[PDB]
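Q: These are the residues of each chain, in order.
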Amino acid sequence: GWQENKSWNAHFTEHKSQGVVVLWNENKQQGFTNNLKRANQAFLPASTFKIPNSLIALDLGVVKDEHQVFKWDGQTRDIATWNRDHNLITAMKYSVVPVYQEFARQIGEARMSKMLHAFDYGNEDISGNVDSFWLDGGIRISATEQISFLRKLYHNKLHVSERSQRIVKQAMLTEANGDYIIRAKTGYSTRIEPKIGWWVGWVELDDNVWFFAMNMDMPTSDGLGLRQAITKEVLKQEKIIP
Amino acid sequence: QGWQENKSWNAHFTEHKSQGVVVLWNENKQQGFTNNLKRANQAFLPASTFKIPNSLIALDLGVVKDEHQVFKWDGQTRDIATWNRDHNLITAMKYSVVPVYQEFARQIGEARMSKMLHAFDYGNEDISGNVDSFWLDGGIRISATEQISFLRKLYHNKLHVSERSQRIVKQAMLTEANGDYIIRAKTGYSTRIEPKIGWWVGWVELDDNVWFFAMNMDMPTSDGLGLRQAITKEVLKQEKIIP
Ligand SMILES: *[B@@]1([O])OC2=C([C]=[C]C(F)=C2C([O])=O)[C]2[C][C]21
Ligand SMILES: *[B@@]1([O])OC2=C([C]=[C]C(F)=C2C([O])=O)[C]2[C][C]21
Ligand SMILES: [Cl-]
Ligand SMILES: [Mg+2]
Ligand SMILES: [Mg+2]
Ligand SMILES: [Mg+2]
Ligand SMILES: [Mg+2]
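Protein chains in written order, with this note's numbering: chain B, -12 to 229; chain W, 7 to 249.
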């Protein structure tokens, strides 16, 4: 089904890394990946889980809108940007775990489980703490499963309101120029080996949309920038972005 | 809610032998800034900045079902090549595709167009002329400061049209985004009556504030259209709004 393009391995090998990029051409309904096996390997979603978590929190009114302020709890954490008040936009932008842990507690494990089943999300397993299972519990999702979920969100087909989906897609906005719009979410899974980085999302063109999902070995935080860099190299190689 | 006149911004205009006005509005502080209070309050044809209210009305009335609905090219080849193809709301805004918005306006009709603009408090609310061309050569006029007042309502979902229509139009206004800011805006270019001018109106979203802007400048030929964004960006950089 998917076409394998092993030449993209060159972009990982340049940085003494390994990983997978998965692309989906929405118009043609064709998929491409450098590694058919790793494309289907399920990992902790880590902070890419902020996408379904945001959708669920909005649909249940835990988050009223993208302006609602979630005040800092006063606990100083290692990521300076977390130590301040946030709304949905900035909590996504800075991947603010304590804000989303409060969402998850308010959602509760019964509703969290039902929504992930409704979303057909990964292995639909929330075993672990209700406020950390996407970092060190049972939930597992592959890059191709991320594409599936993102396609539903793009088409407003997920089992939540249209408004919720529109707001989350606004919150995913990452980059836009006159050539393309990227809506995406990064993730860095460090609590359980193997430590991996994620980038999942899509590229909007005038006449098409390319969905992507990538993950890569990430032993130290020094390489986090390679998630976007390698993905963009693949997008350029494939003539999706100039 | 006061105003400061900062005439040092004029250096960005005179560098290009241009003249114009930039108006900024700091939402958090409710403070306005401009290089020219007189011109900030002079009203002009909106030209294609009218695509913002026009999109809202078309969406709210169901003339546009959503941002994917295709509006077909009428087969008349026009000067701007990107016009000569099918469009949706996103690409029609991006390329300022007048023929698509003229079809919107004809479907909206005079009475509904007039009612909506009054309820929006949009400029002088005057649609005199052809319903599908009054923003190019009819009676509608709007000042840069009046553009801000309208845009602030849109940002806050305070217009009387649906929240959905307001969200879709703000998505369609997306012009630039990065790790430092988001710009939602619409360009305009008006030549059918004097003075010929370029517009750029919209806002800059920061982590913790929103800066609304509305600029216009003399545009004696189309050669200077790019100065609309470049001069605005120079002012935003001078004021430390963007890096
Ligand atoms: B999560 O996966 O998001 C995250 C963390 C640390 C560093 C990062 F770059 C990212 C990210 O990808 O946004 C921790 C909090 C979680
Ligand atoms: B409108 O004012 O928009 C427009 C036109 C021509 C060239 C442009 F750059 C622009 C603009 O400002 O987007 C014509 C169609 C109208
Ligand atoms: Cl957006
Ligand atoms: Mg390289
Ligand atoms: Mg299932
Ligand atoms: Mg200059
Ligand atoms: Mg009025």
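The reader is advised that the hints may include incorrect statements.
To be verified - If we take Cβ atoms under 8 Å as the criterion, some of the chain W residues that face chain B in the derived model are:
| id | residue |
| --- | --- |
| 1 | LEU67 |
| 2 | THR97 |
| 3 | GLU182 |
| 4 | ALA183 |
| 5 | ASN184 |
| 6 | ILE188 |
Please keep in mind that the hints were generated in silico from the structure rather than gathered at the bench. Just so it is clear, CB atoms sit at the ideal spot from N, CA and C, and this is done for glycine as well.
Q: Compare the structure with each hint and give your call.
A: Now for the hints, and whether the structure bears them out:
1. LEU67: With Cβ-Cβ at 18 Å, over 8 Å, it is violated.
2. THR97: At 5 Å from the nearest chain B Cβ, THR97(W) passes the 8 Å test, so the hint holds.
3. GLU182: 6 Å, holds
4. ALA183: Given a least distance of 4 Å, the restraint on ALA183(W) holds.
5. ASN184: Holds: closest Cβ of chain B sits about 6 Å from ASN184(W), inside 8 Å.
6. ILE188: 7 Å, holds
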